[PDB]
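Engineer: Read off the chains here:
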Amino acid sequence: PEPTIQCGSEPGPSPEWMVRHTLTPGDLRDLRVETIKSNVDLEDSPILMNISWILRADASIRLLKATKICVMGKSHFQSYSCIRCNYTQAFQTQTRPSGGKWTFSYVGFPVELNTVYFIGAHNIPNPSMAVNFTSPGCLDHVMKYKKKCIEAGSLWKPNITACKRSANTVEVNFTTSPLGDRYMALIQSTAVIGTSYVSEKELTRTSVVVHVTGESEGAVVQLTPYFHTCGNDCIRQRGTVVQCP
Amino acid sequence: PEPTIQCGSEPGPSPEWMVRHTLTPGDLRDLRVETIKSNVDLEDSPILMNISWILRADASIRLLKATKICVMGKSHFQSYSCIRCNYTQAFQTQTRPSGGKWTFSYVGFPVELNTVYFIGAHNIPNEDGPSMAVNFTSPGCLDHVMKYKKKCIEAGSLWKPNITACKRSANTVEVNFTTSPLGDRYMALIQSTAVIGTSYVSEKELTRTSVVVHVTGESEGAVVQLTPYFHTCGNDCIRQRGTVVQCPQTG
Amino acid sequence: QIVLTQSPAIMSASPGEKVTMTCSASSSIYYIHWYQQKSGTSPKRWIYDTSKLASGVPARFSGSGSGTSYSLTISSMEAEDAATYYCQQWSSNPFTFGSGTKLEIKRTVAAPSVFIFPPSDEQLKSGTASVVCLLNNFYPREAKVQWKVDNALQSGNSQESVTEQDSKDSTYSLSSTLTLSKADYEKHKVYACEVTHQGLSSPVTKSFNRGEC
Amino acid sequence: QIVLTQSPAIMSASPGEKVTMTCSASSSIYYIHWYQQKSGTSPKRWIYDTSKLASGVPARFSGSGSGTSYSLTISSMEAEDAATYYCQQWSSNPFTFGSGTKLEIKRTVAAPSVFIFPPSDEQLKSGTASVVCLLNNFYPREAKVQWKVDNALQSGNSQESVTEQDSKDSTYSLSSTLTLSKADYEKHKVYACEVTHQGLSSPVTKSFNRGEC
Amino acid sequence: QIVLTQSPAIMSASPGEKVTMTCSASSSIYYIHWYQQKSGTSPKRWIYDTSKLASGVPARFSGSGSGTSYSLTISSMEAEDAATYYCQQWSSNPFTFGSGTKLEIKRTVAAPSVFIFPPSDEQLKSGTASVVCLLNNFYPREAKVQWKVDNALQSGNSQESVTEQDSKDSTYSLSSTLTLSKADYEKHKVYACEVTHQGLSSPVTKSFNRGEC
Amino acid sequence: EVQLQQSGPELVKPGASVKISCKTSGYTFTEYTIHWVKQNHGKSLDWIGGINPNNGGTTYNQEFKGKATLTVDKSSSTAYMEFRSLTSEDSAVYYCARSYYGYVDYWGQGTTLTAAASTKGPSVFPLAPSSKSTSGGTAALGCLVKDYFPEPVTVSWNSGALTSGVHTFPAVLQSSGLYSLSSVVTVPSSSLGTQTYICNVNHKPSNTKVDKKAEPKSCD
Amino acid sequence: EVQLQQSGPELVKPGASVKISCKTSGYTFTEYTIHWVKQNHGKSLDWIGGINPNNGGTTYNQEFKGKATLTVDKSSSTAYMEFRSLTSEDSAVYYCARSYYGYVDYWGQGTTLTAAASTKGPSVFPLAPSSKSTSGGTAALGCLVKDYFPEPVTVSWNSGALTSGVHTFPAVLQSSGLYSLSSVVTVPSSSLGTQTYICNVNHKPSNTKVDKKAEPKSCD
Amino acid sequence: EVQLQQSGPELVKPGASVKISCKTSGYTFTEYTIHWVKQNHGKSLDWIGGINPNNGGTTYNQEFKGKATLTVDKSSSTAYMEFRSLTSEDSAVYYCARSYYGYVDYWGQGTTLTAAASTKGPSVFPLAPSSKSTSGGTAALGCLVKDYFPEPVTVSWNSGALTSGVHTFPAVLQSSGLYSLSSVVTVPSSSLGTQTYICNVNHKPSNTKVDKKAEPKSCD
Ligand SMILES: *[C@@H]1O[C@H](CO)[C@@H](O[C@@H]2O[C@H](CO)[C@@H](O[C@@H]3O[C@H](CO[C@H]4O[C@H](CO)[C@@H](O)[C@H](O)[C@@H]4O)[C@@H](O)[C@H](O[C@H]4O[C@H](CO)[C@@H](O)[C@H](O)[C@@H]4O)[C@@H]3O)[C@H](O)[C@H]2NC(C)=O)[C@H](O)[C@H]1NC(C)=O
Ligand SMILES: *[C@@H]1O[C@H](CO)[C@@H](O)[C@H](O)[C@H]1NC(C)=O
Ligand SMILES: *[C@@H]1O[C@H](CO)[C@@H](O)[C@H](O)[C@H]1NC(C)=O
Ligand SMILES: *[C@@H]1O[C@H](CO)[C@@H](O)[C@H](O)[C@H]1NC(C)=O
Ligand SMILES: *[C@@H]1O[C@H](CO)[C@@H](O)[C@H](O)[C@H]1NC(C)=O
Ligand SMILES: *[C@@H]1O[C@H](CO)[C@@H](O)[C@H](O)[C@H]1NC(C)=O
Ligand SMILES: *[C@@H]1O[C@H](CO)[C@@H](O)[C@H](O)[C@H]1NC(C)=O
Ligand SMILES: *[C@@H]1O[C@H](CO)[C@@H](O)[C@H](O)[C@H]1NC(C)=O
Ligand SMILES: *[C@@H]1O[C@H](CO)[C@@H](O)[C@H](O)[C@H]1NC(C)=O
Ligand SMILES: *[C@@H]1O[C@H](CO)[C@@H](O)[C@H](O)[C@H]1NC(C)=O
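Chains as they are written, first to last, in PDB author numbering: chain J, 1 to 126, 134 to 252; chain K, 1 to 126, 131 to 255; chain A, 1 to 213; chain B, 1 to 213; chain C, 1 to 213; chain E, 1 to 220; chain F, 1 to 220; chain G, 1 to 220.
Mixed in with the good hints there might be a few duds.
Claimed, not checked - Once the Cα atoms are required to be at most 25 angstroms apart in a straight line, the calculated PhoX-like pairs of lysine-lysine come out as:
| # | chain 1 | residue 1 | chain 2 | residue 2 |
| --- | --- | --- | --- | --- |
| 1 | A | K44 | A | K102 |
| 2 | A | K168 | A | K18 |
| 3 | K | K151 | J | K74 |
| 4 | F | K212 | B | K182 |
| 5 | B | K102 | F | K38 |
| 6 | C | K182 | C | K125 |
Because the hints were derived from the structure by calculation, they are not lab data.
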């Protein structure tokens with residue numbers, strides 16, 4: 001039979017063992033990470049790492065019994081956990097007879113938004136393997152379905168029409184969200200040239216005129232929503248000012 | 001492995017053969033120490049040293065009858081913890097018959113948190133400095149096993165404030181964090197190469213709070229340090245760290 | 001004294017994929033030569049003098065290397081390529097071969113069809129009962145077979161045998177033979193073969209009751 | 001440490017001709033990478049991960065190989081491909097580069113136009129005489145330039161300098177500078193530059209008489 | 001108390017040949033460490049803990065040993081390897097080094113070019129005459145220089161200095177300086193430097209006559 | 001055309017010696033080295049040694065020195081190999097081969113040498129199709145070929161007419177020292193009542209041939 | 001777009017220290033390792049070492065370990081390489097380059113370092129057009145730019161107003177250690193008596209600018 | 001990255017005291033032992049002692065005890081070595097080095113200590129190329145740098161522009177107690193009379209700088 005992995009949690013050593021002060025050769029690509037949706041049937045499924053590693057085909061694989069994996073997330077603060085994957089049998093060939101080299105993967109370590117993750121792994125008996140990745144934010148097509156992103160407006164489709172109306176005045180149309188009632192419309196060319204404020208408790212297509220001080224033809228229009236959970240840091244919507252037929 | 005060890009309480013040393021050399025020769029490494037939990041079932045289990053050593057593969061091993069081990073606290077402390085491990089029989093081969101080396105271990109010596117330990121060992125009979137020596141700092145409240153000890157828990161070792169800190173103005177940082185049932189008083193600190201800002205917070209509820217820190221320097225990418233003032237730890241409670249970020253974080 | 005190490009020892013490739021196999025010499029040689037061997041015939045010279053193709057050998061094959069490191073490459077795998085490939089040197093005495101790369105055909109997963117056979121009456125006259133479980137035309141090769149007698153797991157009384165890849169559909173077949181005394185066979189009623197394979201979501205069990213034709 | 005031996009060290013190819021150059025590693029590597037460098041500028045990434053083209057690279061370029069043996073191929077040589085190509089690995093520390101393949105563009109033979117320049121009077125004031133002979137717009141690079149002073153063959157007192165291949169017509173130009181003390185120069189009369197080249201049926205000589213006017 | 005004995009003190013190795021150097025400890029040690037030093041710079045950690053290579057050290061290097069006996073090995077000598085290698089222990093106080101193995105690179109024999117230089121008039125005015133004989137770019141290092149003054153062999157009035165091996169061509173250069181009083185120097189006419197070297201079939205002599213340019 | 005024709009197979013008691021021959025034709029015998037190569041069943045190729053027919057000079061793989069002796073006879077353009085004191089580990093195919101440089105360009109067809117202290121023909125039992133649970137589409141049936149020695153047995157079906165769907169498994173060495181294998185075929189279940197299926201088992205070492213008809217067991 | 005911008009050429013007295021810089025832009029500095037590479041007049045590429053800007057990890061070619069030191073400055077997105085005791089063996093072009101895996105995808109423009117005590121501007125001599133430098137109606141004339149150190153010199157003609165054939169002979173190292181080059185132009189021969197030709201020679205290392213009128217020889 | 005930066009060279013009266021420094025950076029100073037190592041002109045390496053910067057504890061090689069004292073200053077992350085009475089036997093290069101376990105993984109660049117009772121700058125004489133030289137052929141020329149103390153002198157040619165073909169020989173201690181060396185270069189004989197060759201000699205201990213033009217000897 002072929003070896004598989006049985007993985008479990010481990011206390012593990014202090015995260016200093018992960019500080020590579022010599023550079024490892026860059027063409028050693030035996031450790032890979034990618035994010036996967038854990039449940040595909042769900043809109044907001046937990047986001048997990050799929051950590052894959054390749055076992056080098058030489059003498060030493062026959063003595064291998066376990067692989068250790070530790071993950072450190074750095075965003076607004078550090079996180080640090082470790083797993084040990086035990087191989088269920090000893091390795092009879094230095095590559096798998098129905099494939100190429102030996103490759104195994106562990107799915108776990110839920111992924112947070114906007115975090116840089118350091119992943120290191122080492123074989124037992126003996134960071135030898137290392138890979139990092141920075142997780143995307145609420146504009147990523149997969150992460151936008153997270154509750155934190157949706158509640159900050161990641162899926163709001165205001166359908167902005169922003170249009171040069173009269174002498175230096177711009178009419179901005181947009182459809183509100185049920186997530187909040189307060190909005191700010193802004194026009195910016197070489198500098199911010201205009202701002203206005205509308206409050207709308209109704210889910211409707213509202214309209215507002217923003218007074219601009221410079222040329223308002225081809226500048227960006229920026230819509231700011233003020234939803235509860237995101238305070239002053241909700242996802243903003245951008246457009247461009249055009250003429251009105 | 002035919003020879004075994006029976007270890008006992010002989011003093012018979014001097015905290016001077018441990019400091020025979022001010023510098024101990026750096027390659028005396030056949031002696032290892034690792035901490036082990038006395039009880040698995042318990043979180044606040046006592047922590048012991050597992051002192052293990054390998055014996056030299058040479059003909060003098062035939063003349064070996066005991067290994068002496070002394071542990072010294074070094075904190076203007078003296079030794080007075082030595083054990084003598086007698087080998088039950090003579091050594092017939094210079095290695096085990098299917099063993100890298102002759103290896104033995106002794107578990108004992110209760111360990112304190114954040115403590116520096118010098119451990120020296122000497123074979124009997126036989131030079132007259134330590135045959136083996138190792139320096140050892142015991143883990144602290146951040147270690148994965150020691151964090152569940154009672155003194156660590158009560159100092160906030162398991163507090164998860166989930167700090168979010170955002171550069172608001174050129175001179176202000178907004179720090180959000182979740183309070184602990186262990187206390188009501190907190191100090192938020194922003195530090196780059198020096199401390200650039202401090203704010204104190206009083207909050208009696210278990211809630212997600214917010215505080216503005218006025219800073220005197222560049223705050224982007226600086227460390228945020230949260231000091232809680234929990235009981236039993238006074239001003240020496242476990243600090244929590246984060247990093248200042250540019251908010252909004254999206255496009 | 002030169003020894004040649006070949007890697008991988010066994011590998012599979014789908015038609016159309018690129019294939020590489022290596023030959024490593026314990027010290028430097030002037031040339032490496034490669035032979036193809038299919039089950040039941042003589043090896044054939046395939047690539048010689050490191051990079052030359054014998055006449056007729058498809059140009060999707062190529063050889064390269066120097067010093068101690070050589071390789072054989074197939075730009076695009078074909079089913080006719082499934083074979084064992086040996087490298088060989090005669091730059092020093094003794095003439096030596098490598099241990100060989102067995103190249104098999106990768107195909108889509110196929111679950112086995114399982115059959116169980118009670119011992120024949122002819123055999124039972126002799127005192128021994130062979131119970132045969134057959135896993136037919138499956139892929140990949142890896143499969144687990146467990147015997148159960150009156151729902152008791154057996155061990156130590158069975159042997160497995162696996163065919164080579166079928167020439168037409170590239171599948172494997174497997175036999176597991178459970179051998180018992182007639183005495184022990186006539187003591188129990190339900191004989192079961194439980195088969196585990198990647199192509200089955202749950203293990204399939206096939207059984208018979210003794211003497212129920 | 002890992003040595004990358006590149007062959008050939010120097011080569012030329014006609015436009016439209018197929019070009020192959022090889023990179024041989026002293027021990028095995030996972031990938032090879034190739035950089036292009038033209039005179040006076042930084043190397044540019046050309047082929048990476050053995051067979052992928054850098055941004056801007058025409059697909060007449062391709063890379064292949066594995067283990068210790070790698071190659072770069074140009075399906076149809078273009079004049080803009082003349083450059084030095086370096087292979088490179090970082091499968092083990094240290095990161096190393098190959099020794100380089102200099103690729104020039106071949107063309108039909110073209111004879112040089114030979115020109116001679118006597119020393120300036122301004123230079124003779126300072127005490128030295130540089131006599132300059134020019135070979136203009138020729139191919140191939142190989143040429144013999146022999147100085148003769150009052151029909152006496154010179155040796156050891158001249159230096160040559162050769163241009164890069166012309167961007168439009170791919171020829172070379174060459175200067176030979178004969179340097180003498182003011183004393184030895186004003187001591188002689190006839191200074192001759194003799195040029196031997198494949199594009200000339202007989203060797204050409206250009207001369208001036210010192211002290212003409 | 002432990003001391004370390006290294007052998008050989010000096011050796012030269014052909015490019016490509018296997019190199020071993022040994023370190024013997026006066027009593028048993030737990031580890032040996034090796035440092036490389038090239039002329040004019042600090043020693044660098046090379047192999048440590050007996051067999052581990054520092055980052056960047058070529059894998060052609062290995063270390064082994066135990067007890068009182070250790071060695072450093074180069075599987076195939078490269079020119080870059082020429083340097084002095086020291087072993088080192090700190091199993092006992094004092095920390096000690098071995099005396100080093102100076103490893104040089106062998107190349108083909110090359111005879112020196114010999115030059116002789118008379119004393120300058122500026123120096124003679126001060127009362128002393130230095131005559132210098134130069135042996136340039138030779139290999140191997142061994143060479144004999146004999147001074148003759150009006151055919152009288154000199155002794156005790158000359159000093160030699162030898163360069164280190166050139167990094168590029170692996171040759172040596174040597175100066176022999178014969179020093180005389182102005183008084184003795186102006187009594188004689190023929191000052192000769194006679195050179196014996198493996199690359200010369202017959203000894204070479206270079207001479208000048210005093211006060212002739 | 002170049003041809004290397006080797007002598008026929010030999011079944012031999014352990015401890016005996018044998019000499020097999022390699023008859024060459026189509027080229028000048030003395031101009032090319034002849035090699036000998038051992039191949040155990042299913043395993044790797046081992047060079048035994050080679051001989052220059054011009055001068056009779058030889059070189060051996062030292063694992064075979066003493067055990068093997070190479071000779072030629074120029075008059076017949078024939079090479080010979082003598083293997084002494086055969087053990088069961090010597091049962092294998094043995095090839096002669098021609099080289100000029102370092103590679104082999106022509107191979108003989110192989111000579112099987114089998115070491116056996118005794119021979120024993122097999123018992124052949126039916127693997128009777130589960131006619132009790134017919135339909136579902138395809139039924140399997142077969143022959144169990146038990147307790148023979150040495151290898152090999154040959155199994156055909158219906159005197160060689162039935163090849164499709166036939167799987168004859170590698171022999172397994174039982175702990176009794178004897179071999180066993182099954183040969184199976186899959187057929188439409190509705191063919192169990194209309195078609196005849198006979199397995200023809202041949203064991204040349206013992207001159208035993210066994211034909212066994214495999215029938216659905218009595219169901220009513 | 002990604003850019004690696006290196007500091008300018010430097011003359012550095014042997015034994016003094018120098019630190020050259022590599023200013024990065026167009027990407028997240030902490031995401032890519034920075035490498036340094038040497039190219040002397042021998043044109044071969046020598047890797048010096050690399051540094052990861054995120055954590056300061058480094059690895060060297062041992063021929064440069066102890067000789068070069070690599071550092072980073074995150075605020076400016078800048079990498080540095082420092083020689084502590086520059087020697088003449090160190091005169092060369094130095095490149096920085098960015099990697100993610102084992103290959104470098106963006107290169108700096110290079111920094112020329114000269115280890116010497118002084119610079120020396122050129123003497124500019126005329127190569128005067130004459131009948132002995134004329135063929136098919138075109139005359140060749142030029143400027144001999146001799147005895148300068150270190151490289152490079154630049155030559156334009158008539159301050160950039162001149163259209164003409166141009167032949168720039170690369171610098172040649174003289175046995176004094178000084179360089180020499182010729183800059184030659186081809187013009188209509190009938191233009192000699194009417195047009196003036198000035199070669200504008202620039203030697204930045206010595207801050208030298210020289211304009212030289214090249215005049216026809218009077219002997220045709 | 002870890003760096004050990006040592007103070008510059010020292011001239012010291014025989015019998016006087018001297019203190020050299022070792023500036024560490026790139027790591028936690030108090031965590032690593034600092035060692036000091038001597039290298040004499042015989043090139044053997046002698047350990048002098050080590051110091052624990054955490055507590056100032058020291059161990060000395062007893063072959064040096066009482067001659068040297070090791071100290072640290074934690075605030076500046078610096079180690080110091082003081083010789084109380086430097087003698088001629090003490091002139092040597094001295095290294096600091098950091099240890100991990102029994103080996104030293106980083107070395108300072110070395111500090112030369114010279115016990116000198118006086119300084120004396122050299123006389124510089126021309127080594128004039130010979131008139132009796134081969135047609136073409138190679139000529140040699142040089143500079144004799146005589147009677148200086150202590151080492152070293154530095155020699156360049158043409159202000160550092162001339163490095164190819166240059167051999168500056170190791171200094172030799174004369175029986176007078178003073179040093180002398182030659183620096184030579186080989187050039188084409190046709191360059192004699194066309195090129196200028198100047199040797200630039202510097203002796204920092206005596207603040208002596210001499211430039212010497214070397215020309216063929218004047219016939220008359
Ligand atoms: C984390 O990332 C790893 C890869 O790094 C993923 O592992 C892959 O998983 C997919 C399916 O999730 C596999 O795709 C399957 O390939 C089978 C063939 O197996 C051979 O060929 C592949 C190369 O293509 C080898 O990797 C493999 O080891 C074998 O050599 C197909 O037959 C599969 O289809 C089968 O399954 C479905 C039901 O699952 C049936 O309906 C089909 O009929 C058929 O039986 C499928 O195409 C892929 O092989 C895996 N690769 C590796 C390297 O393991 C993990 O899935 C991923 N983790 C998560 C949570 O997504
Ligand atoms: C792996 O093995 C280790 C050591 O035997 C053990 O502690 C751990 O529980 C095992 N983990 C799993 C998931 O089997
Ligand atoms: C966008 O707005 C226009 C005008 O208000 C409307 O006609 C159109 O249906 C809207 N489309 C979407 C996708 O919201
Ligand atoms: C914007 O809204 C105003 C007011 O309802 C309407 O008159 C105008 O047509 C709208 N324009 C677009 C582009 O939706
Ligand atoms: C901090 O909390 C306040 C109050 O809930 C909220 O307005 C603000 O957006 C929070 N900041 C962050 C970075 O979450
Ligand atoms: C070990 O031996 C010593 C001396 O023989 C004795 O004092 C001590 O009690 C012994 N200890 C044990 C545990 O046997
Ligand atoms: C332990 O610490 C002492 C004091 O600094 C030191 O001399 C010794 O070398 C250390 N041990 C090891 C193994 O480095
Ligand atoms: C102490 O450590 C050694 C070394 O790993 C180990 O073999 C031994 O079992 C440990 N002692 C215990 C677990 O009681
Ligand atoms: C921390 O709080 C932020 C903001 O409320 C939230 O988005 C995030 O999920 C929290 N993270 C953890 C680990 O609790
Ligand atoms: C992530 O890894 C890449 C590839 O090794 C490296 O270039 C990059 O600097 C790493 N990122 C961080 C933040 O360490």
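Engineer: Could you run down the list of hints and mark each one as holding or not?
Structural biologist: Cross-check of the supplied hints:
Annotation: proposed proximity of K44 (chain A) to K102 (chain A) holds, straight-line Cα distance about 15 angstroms (limit 25 angstroms). Proposed proximity of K168 (chain A) and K18 (chain A) is supported: the alpha carbons are some 22 angstroms apart, at most 25 angstroms. For the given pair, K151 (chain K) sits about 21 angstroms from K74 (chain J) by alpha-carbon distance, which is consistent with the 25 angstroms threshold. Distance check on the hinted pair: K212 (chain F) and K182 (chain B) sit about 22 angstroms apart at the alpha-carbon level, within 25 angstroms; holds.
For a cut-off of 25 angstroms, the pair hint linking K102 (chain B) to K38 (chain F) stands: about 18 angstroms separates their Cα positions. A C-alpha spacing of about 8 angstroms is found between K182 (chain C) and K125 (chain C), which places the hinted pair at or below 25 angstroms, so the restraint holds.
In this structure, none of the earlier numbered hints is contradicted; all agree with it.
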